[PDB]
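Kindly produce the complete structure, drawing on both the sequences and the hints.
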Amino acid sequence: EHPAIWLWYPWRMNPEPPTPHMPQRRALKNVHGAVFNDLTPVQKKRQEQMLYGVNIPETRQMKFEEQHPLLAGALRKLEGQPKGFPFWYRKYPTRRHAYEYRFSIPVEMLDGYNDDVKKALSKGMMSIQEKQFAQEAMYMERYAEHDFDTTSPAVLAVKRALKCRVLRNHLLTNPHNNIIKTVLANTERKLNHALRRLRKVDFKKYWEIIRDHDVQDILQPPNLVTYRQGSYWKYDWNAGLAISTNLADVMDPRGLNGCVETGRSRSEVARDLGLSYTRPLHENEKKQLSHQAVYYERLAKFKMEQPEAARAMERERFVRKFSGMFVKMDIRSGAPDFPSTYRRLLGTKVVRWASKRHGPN
Amino acid sequence: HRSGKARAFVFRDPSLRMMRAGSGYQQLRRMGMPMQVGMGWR
Amino acid sequence: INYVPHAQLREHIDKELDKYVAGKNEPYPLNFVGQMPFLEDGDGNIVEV
Amino acid sequence: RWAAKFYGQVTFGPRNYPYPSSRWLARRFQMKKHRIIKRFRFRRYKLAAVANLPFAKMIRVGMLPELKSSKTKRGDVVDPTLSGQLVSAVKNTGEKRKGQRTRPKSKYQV
Amino acid sequence: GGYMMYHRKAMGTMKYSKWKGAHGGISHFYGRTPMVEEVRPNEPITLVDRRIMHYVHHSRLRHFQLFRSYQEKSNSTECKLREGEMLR
Amino acid sequence: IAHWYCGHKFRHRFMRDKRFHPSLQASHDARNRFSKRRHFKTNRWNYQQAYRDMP
Amino acid sequence: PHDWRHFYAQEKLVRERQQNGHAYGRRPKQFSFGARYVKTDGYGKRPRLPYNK
Amino acid sequence: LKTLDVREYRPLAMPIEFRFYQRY
Amino acid sequence: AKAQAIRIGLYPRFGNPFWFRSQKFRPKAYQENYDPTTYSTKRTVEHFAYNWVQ
Amino acid sequence: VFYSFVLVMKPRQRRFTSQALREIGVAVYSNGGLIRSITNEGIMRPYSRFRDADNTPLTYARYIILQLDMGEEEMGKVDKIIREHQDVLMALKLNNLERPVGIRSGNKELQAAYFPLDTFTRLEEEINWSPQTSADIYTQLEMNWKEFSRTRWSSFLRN
RNA sequence: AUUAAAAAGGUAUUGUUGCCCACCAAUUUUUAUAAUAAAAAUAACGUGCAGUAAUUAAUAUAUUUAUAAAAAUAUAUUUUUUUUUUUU
RNA sequence: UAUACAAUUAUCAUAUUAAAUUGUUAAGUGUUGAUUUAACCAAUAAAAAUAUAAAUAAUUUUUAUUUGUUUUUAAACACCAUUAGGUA
Ligand SMILES: [Mg+2]
Ligand SMILES: [Mg+2]
Ligand SMILES: [Mg+2]
Ligand SMILES: [Mg+2]
Ligand SMILES: [Mg+2]
Ligand SMILES: [Mg+2]
Ligand SMILES: [Mg+2]
Ligand SMILES: [Mg+2]
Ligand SMILES: [Mg+2]
Ligand SMILES: [Mg+2]
Ligand SMILES: [Mg+2]
Ligand SMILES: [Mg+2]
Ligand SMILES: [Mg+2]
Ligand SMILES: [Mg+2]
Ligand SMILES: [Mg+2]
Ligand SMILES: [Mg+2]
Numbered sequence: 069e070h071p072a073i074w075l076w077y078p079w080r081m082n083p084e085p086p087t088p089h090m091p092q093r094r095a096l097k098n099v100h101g102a103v104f105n106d107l108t109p110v111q112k113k114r115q116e117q118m119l120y121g122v123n124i125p126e127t128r129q130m131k132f133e134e135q136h137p138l139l140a141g142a143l144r145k146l147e148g149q150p151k152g153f154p155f156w157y158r159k160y161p162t163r164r165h166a167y168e169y170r171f172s173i174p175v176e177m178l179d180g181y182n183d184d185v186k187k188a189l190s191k192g193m194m195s196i197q198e199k200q201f202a203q204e205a206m207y208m209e210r211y212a213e214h215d216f217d218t219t220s221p222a223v224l225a226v227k228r229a230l231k232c233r234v235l236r237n238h239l240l241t242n243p244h245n246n247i248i249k250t251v252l253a254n255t256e257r258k259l260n261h262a263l264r265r266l267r268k269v270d271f272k273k274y275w276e277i278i279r280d281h282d283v284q285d286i287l288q289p290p291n292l293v294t295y296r297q298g299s300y301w302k303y304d305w306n307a308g309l310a311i312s313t314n315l316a317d318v319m320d321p322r323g324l325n326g327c328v329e330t331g332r333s334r335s336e337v338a339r340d341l342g343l344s345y346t347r348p349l350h351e352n353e354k355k356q357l358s359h360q361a362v363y364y365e366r367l368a369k370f371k372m373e374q375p376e377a378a379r380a381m382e383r384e385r386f387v388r389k390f391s392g393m394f395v396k397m398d399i400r401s402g403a404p405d406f407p408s409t410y411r412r413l414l415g416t417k418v419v420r421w422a423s424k425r426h427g428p429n
Numbered sequence: 010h011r012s013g014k015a016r017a018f019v020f021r022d023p024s025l026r027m028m029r030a031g032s033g034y035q036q037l038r039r040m041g042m043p044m045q046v047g048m049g050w051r
Numbered sequence: 148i149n150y151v152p153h154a155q156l157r158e159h160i161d162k163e164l165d166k167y168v169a170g171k172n173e174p175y176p177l178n179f180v181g182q183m184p185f186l187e188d189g190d191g192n193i194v195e196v
Numbered sequence: 141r142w143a144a145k146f147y148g149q150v151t152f153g154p155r156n157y158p159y160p161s162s163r164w165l166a167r168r169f170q171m172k173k174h175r176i177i178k179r180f181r182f183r184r185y186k187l188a189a190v191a192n193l194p195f196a197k198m199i200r201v202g203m204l205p206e207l208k209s210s211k212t213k214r215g216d217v218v219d220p221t222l223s224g225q226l227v228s229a230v231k232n233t234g235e236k237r238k239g240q241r242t243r244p245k246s247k248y249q250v
Numbered sequence: 010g011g012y013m014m015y016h017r018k019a020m021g022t023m024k025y026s027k028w029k030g031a032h033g034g035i036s037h038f039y040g041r042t043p044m045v046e047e048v049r050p051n052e053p054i055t056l057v058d059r060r061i062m063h064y065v066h067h068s069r070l071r072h073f074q075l076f077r078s079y080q081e082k083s084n085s086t087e088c089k090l091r092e093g094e095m096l097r
Numbered sequence: 010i011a012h013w014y015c016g017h018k019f020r021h022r023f024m025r026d027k028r029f030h031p032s033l034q035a036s037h038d039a040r041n042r043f044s045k046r047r048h049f050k051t052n053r054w055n056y057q058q059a060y061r062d063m064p
Numbered sequence: 163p164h165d166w167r168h169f170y171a172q173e174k175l176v177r178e179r180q181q182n183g184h185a186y187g188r189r190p191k192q193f194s195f196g197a198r199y200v201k202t203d204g205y206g207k208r209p210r211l212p213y214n215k
Numbered sequence: 026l027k028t029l030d031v032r033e034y035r036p037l038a039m040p041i042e043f044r045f046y047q048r049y
Numbered sequence: 161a162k163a164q165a166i167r168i169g170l171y172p173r174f175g176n177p178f179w180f181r182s183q184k185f186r187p188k189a190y191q192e193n194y195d196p197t198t199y200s201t202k203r204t205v206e207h208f209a210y211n212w213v214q
Numbered sequence: 002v003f004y005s006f007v008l009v010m011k012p013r014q015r016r017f018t019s020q021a022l023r024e025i026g027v028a029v030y031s032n033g034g035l036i037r038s039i040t041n042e043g044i045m046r047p048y049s050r051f052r053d054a055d056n057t058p059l060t061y062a063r064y065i066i067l068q069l070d071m072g073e074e075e076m077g078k079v080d081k082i083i084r085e086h087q088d089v090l091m092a093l094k095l096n097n098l099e100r101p102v103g104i105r106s107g108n109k110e111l112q113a114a115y116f117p118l119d120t121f122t123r124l125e126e127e128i129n130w131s132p133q134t135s136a137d138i139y140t141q142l143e144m145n146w147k148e149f150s151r152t153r154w155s156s157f158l159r160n
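Line by line, the protein sequences give chains CO, DD, Cd, Cn, CU, Da, Cm, Cv, CR and CF. Just so we're aligned: the first sequence equals residues 69 to 429 in the deposited numbering. Just so we're aligned: the second sequence equals residues 10 to 51 in the deposited numbering. Just so we're aligned: the third sequence equals residues 148 to 196 in the deposited numbering. Just so we're aligned: the fourth sequence equals residues 141 to 250 in the deposited numbering. Just so we're aligned: the fifth sequence equals residues 10 to 97 in the deposited numbering. Just so we're aligned: the sixth sequence equals residues 10 to 64 in the deposited numbering. Just so we're aligned: the seventh sequence equals residues 163 to 215 in the deposited numbering. Just so we're aligned: the eighth sequence equals residues 26 to 49 in the deposited numbering. Just so we're aligned: the ninth sequence equals residues 161 to 214 in the deposited numbering. Just so we're aligned: the tenth sequence equals residues 2 to 160 in the deposited numbering.
Bear in mind the hints are in silico, worked out from the structure with no lab data behind them. Any given hint could be a false lead.
Cβ-Cβ distance ranges computed for the label pairs, FRET-style [as the list claims (entries may be wrong)]:
{"#": "1", "chain 1": "Cm", "residue 1": "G183", "chain 2": "CF", "residue 2": "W146", "range": "49 to 59 Å"}
{"#": "2", "chain 1": "CO", "residue 1": "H214", "chain 2": "CF", "residue 2": "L142", "range": "38 to 48 Å"}
{"#": "3", "chain 1": "Da", "residue 1": "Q58", "chain 2": "CO", "residue 2": "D317", "range": "33 to 43 Å"}
{"#": "4", "chain 1": "Cm", "residue 1": "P209", "chain 2": "CU", "residue 2": "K18", "range": "23 to 33 Å"}
{"#": "5", "chain 1": "CU", "residue 1": "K27", "chain 2": "Cn", "residue 2": "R183", "range": "51 to 61 Å"}
Below are the DSSO-like pairs computed for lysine-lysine, each with C-alpha atoms no more than 30 Å apart in a straight line [to be verified]:
{"#": "6", "chain 1": "DD", "residue 1": "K14", "chain 2": "Cn", "residue 2": "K172"}
{"#": "7", "chain 1": "CF", "residue 1": "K109", "chain 2": "CR", "residue 2": "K162"}
{"#": "8", "chain 1": "CU", "residue 1": "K89", "chain 2": "Cm", "residue 2": "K174"}
{"#": "9", "chain 1": "Da", "residue 1": "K50", "chain 2": "Cn", "residue 2": "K231"}
Chain Cv is nowhere near these chain Cn residues, computed Cβ spacing over 12 Å in every case [what the hints assert, rightly or not]:
{"#": "10", "residue": "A143"}
{"#": "11", "residue": "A189"}
{"#": "12", "residue": "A191"}
{"#": "13", "residue": "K208"}
{"#": "14", "residue": "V217"}
{"#": "15", "residue": "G224"}
{"#": "16", "residue": "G239"}
Note that beta-carbon positions come from the ideal geometry of N, C-alpha and C, so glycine has one too.
Here it is in structure tokens:
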């Protein structure tokens, strides 16, 4: 009934627990303080798709056949027959690349052995840790720039995304291990770094990672204060990606620059070259502008068709100009910020304003 | 004395004390850094 | 390695369960704890100690 | 924790004194802490901090007109609804309901 | 109330008290028996006993058992005593 | 140190100077230097579903 | 043993860095003679790391 | 606390760790 | 090992069932030989005694 | 091995032992796993009396060794299946068989860094030695080494 | 015809007939007035005997208890005095 | 009244690169009774054992997360009160 009440008997070290009692099991926060009760349907889908099994994409078989047609030719002669020479080694450049069977055993190496052995090295026989490593290797391979790429942004972002999902559902099961709460939070932070570097490296991959693994919640700026000071945007300055755009493929640079000798802004030289840069507008700005564009037509119609009403309003304005506070424009009257430049009047003489600052300055 | 000021083990080299003072307020006033926005001395 | 398939199960279980049948002409194998355990006849009653 | 671990500076010894506190000093401050705590117990102090209120400012419930120990001093002025709710809280804190977690009880809590 | 076997009050003899477990032959102590000695023919059991007891005492087992089986002590005093012992 | 500024002790002066120290200044990492503790545990029981407009 | 305090310190430090550099001198809550088998599903049946509480 | 010393106690020992704490 | 063995019933909860058999494996040290490295202060003085008496 | 069990069982009439083992085996097959070896041992006298489902303490018990290849997910199911069976007194489980204690400690492995496939191929018997093993197997081992290494490729490259 | 030596602590300072600890009156003074406000000066009266390994060692946190120092229990710990199996 | 901390090592309260979390085992009856305690009083007494590897280093978690208080005695010990119970 109405706000919680902490009761503290001051001889005791701490208060008694509150009356409404709170939820019996503590909520699980993400790094920023937002609450997740359970995995989102997307992430859930990712783990259900990890659990039952992963697969190597036939993409790799394809590029293997187009790049090294000889080796693939050999393997194409030899199917089903036991091989003493591993022709397939180009298909699996790294230890990590072969996830379809345990212990990094490539598929075509199982040709001459027992079917029992084949079942014993299968996916179904993996531990859970092995399965995670499998999903990670598959995704790392799909976003990697070359075979041995690890440290690049896309790869990093993906592996950290996966690690994060794993830890999350883990915490869902067994509530208190705060070691892993902390490791989840740190992972989430390093993921935040990786993603914010991605969108300034290549943004479409950034997008499709967010859409695959459903992490938009760690890209949300933490709080209004530090955002208003532009320290959220200040990150990609520190990362050194701020100037990295390479415009010319997008955004023809001719109308982004101002004229040094003329003094005219970028909107001006854009005006002159007959170009329009304008961000897509929401309904706010559209209906404001479309309301403002028409002022003069409405006015012309008004003063043509209805002169008496107009003359009334004008009487009021004209006569107003003689009444009022200041009749003429001087430094005192023409002070853009009146309460600010005269603060010394605000309590006593001037009663209009109750505060000295209504704006940035 | 856990509650009290930290003391140096030895003195400080005076020469270094004078070397770290190069950009100090007096030298700045001599360089002319602060804007003169008021009447100042008569 | 000889993997016991589902087809061979009860046959293999019986081969292993008759391992000590309380008479043979050949010397008996020990345990994993290296003991000579009790010899049961058919149906697993303990005949010889 | 809410309350204070210590009262006054309990570790004052010379630098590199290889313990947090000496016996002497810690005994002095144990005395002062003892007196304060005993005062809290006998006067039957009660504090509260309510949600959606400034927290640093704690309503002192031990001074409330219903729960006030003294017959003389004017206690305090707290909102009628809020004070009713505080009284109900203090009252229903007292005894152990089974299935609830056992919490330490005392004479001076009532 | 229920006591452990090394407890003070463990095997009580009273009108209410009754000993617990199979007490003879194959017994309550079946796999719990710390020492076993087959008595050599024509050997008094006093040599046997004094051998066992010397053994336990010199290796500080009887120390330990006497110690822990009488009173409770917090893990701090136990640590303090054991590490003190070991440093001495 | 003139004795009238800040508290009656000396160390109060240096405790308010730590408020102006250059390498101690408030930024995106170190925030709410002056009252950290009034804002502590403030949102614990405030449940906010994070913002996702992308799948 | 107190003469060797520095030694023990080195060990406490270790158990702290395992805990994310937090609980110094902290140890697991002693549970009960049979905490594991007297507790229902959903409650901790074995003593956790102190930071894990 | 009592603002004065109830006991007149002067230890004469000067352990090198207490005095120079910059080096020990 | 001792843990597992115990819960499987292959080792007793107290006692050493192989105690006598194992004595071959332990270095039982005869009072008649002298190991120059011992923390035994008795053995040293015993051999000192012996030689002096010789 | 991937997994192993030691199963201490009540010494019943043979038809019952066979039914129970068929139940455990079928419980392993249904869950999509394999049996490397199901080894039988005799009715032994343990160091601890076990009580059965009748709460009647037992002096003797039949020992049975399981060696399985499963997923770690669905061996939870097989675990609480085995432990909940009425003819099993006790079951101890070894999961350490893929990385046992004596490997991968400060580059103890020469010419490889943690080759996992060494101990997977093997059965439990050669990872953990039984007491009867003597210096004699040091002989047999090598006749089974050399011999093997002679016939392997020739046997494999046949088909 | 039935022997002794060698390791040890002081809040005192010619040192236990040494010092000290709280409540219990007067007063003095500052204030952020909780049974009977808080804190600091203080030299009465009356209880005791809390502390100086100090008559069940002390110290810190926690919880309880109460003429008054304080006491009981749960943890850590020595600014407490030490007693010492390299497979028996 | 004004009139110059440290920056090589400083113990009470502003944490931060971390691998954990999860395991269903044990124990119980023969019979006529002075056990425990320095000493009292209530009054069946036996007991709850297994896990390493792996997790990469730093750069915007400080309104987030985190430092021995915990359902179930129809289960005990232990502790508190004293035969009535509390707690565990
Ligand atoms: Mg302005
Ligand atoms: Mg004013
Ligand atoms: Mg206390
Ligand atoms: Mg009872
Ligand atoms: Mg003095
Ligand atoms: Mg002295
Ligand atoms: Mg006054
Ligand atoms: Mg007063
Ligand atoms: Mg005394
Ligand atoms: Mg005392
Ligand atoms: Mg005392
Ligand atoms: Mg104390
Ligand atoms: Mg008292
Ligand atoms: Mg106390
Ligand atoms: Mg601090
Ligand atoms: Mg309870």
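(message) Taking the earlier hints as the rules, which of them does this structure contradict?
(response) Hint check: nothing fails, all pass.
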